[PDB]
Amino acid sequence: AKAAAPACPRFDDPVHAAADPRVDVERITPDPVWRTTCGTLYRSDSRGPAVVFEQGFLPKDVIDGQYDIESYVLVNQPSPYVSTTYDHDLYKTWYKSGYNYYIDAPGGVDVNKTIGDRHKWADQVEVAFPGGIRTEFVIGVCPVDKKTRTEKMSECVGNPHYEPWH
């Protein structure tokens, strides 16, 4: 080294990653701009890793939840989406969610590419996964010390179910 990074694998299925494949891609509004990069993404969640490593990240409701992205972002009501972020540090902004999960998953809807980078929550730099995220795409987790908003890095854990794909 040094070395330039290679380009990403592209699955034909825009919801390849989905933990709940009943999600209906045609109902997504507006027209989604899918993420085509393959960097690590993150998610603050208060749910613990015993659960997330077994189940993945399941969406609250693929059947009757809020398929409109702008609505889902602005009002946060049960949806077919699991939100993640490009920003490793967004956990510092979360009220008291426990853990910073590390994700290596193809696809997702890029929220700012889809709805623009001017809405109220644009600095969350979100990627919304319709159908969620299977366990094989969850790398691991670091617990968060809440009073300093830092990761407890000697307490990070790998997901035994993680399956590297690139």
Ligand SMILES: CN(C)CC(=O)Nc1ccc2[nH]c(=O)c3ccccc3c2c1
Second form
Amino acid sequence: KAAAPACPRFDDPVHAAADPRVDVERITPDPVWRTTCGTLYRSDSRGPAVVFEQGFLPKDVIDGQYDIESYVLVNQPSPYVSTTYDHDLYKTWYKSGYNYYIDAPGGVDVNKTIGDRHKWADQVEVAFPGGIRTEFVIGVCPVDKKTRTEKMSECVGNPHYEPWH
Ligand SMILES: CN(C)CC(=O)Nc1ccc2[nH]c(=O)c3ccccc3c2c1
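Form deposited without the named molecule already given; the form deposited with the named molecule bound follows:
Now the complete complex, all chains and molecules, led by this one.
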């Protein structure tokens, strides 16, 4: 056996962003940034050909909803790309299509920022302001809709993934 090491910390809290125009000072309430570096996940209907080329881009870094509580409660275009600590959250998204695997620094830990008592706390969300560059997307597994399971012989690694710890 061996015990795991601690995580590298980038000076820039949105180092991972695919759209660097995001304005960290407009995030409300004051963000509590994730400091761990385990695999995160994102259920998305968008296909890997697109995600591996572009990364995850947010809907609207300019005029989107920068208030995290508002974004979480009432889905609206925002500067954030949502991910989760929970490998299995894809089972709750119908027509999910894909479970993406993400190894990215930072992100806003939603429950540490707005509390763990709101309606969607069990999503254990990490919100990435400005999204996530493709170099931080490990890969993807397609999801079988009828059983809500991963088609594990059809997982694909992202050729652009760059390990960093
Ligand atoms: C960037 N938009 C396409 C995303 C959207 O409007 N909703 C959305 C779309 C996909 C999402 N996927 C997730 O894995 C997730 C995990 C924790 C919390 C939220 C999500 C999530 C939310």
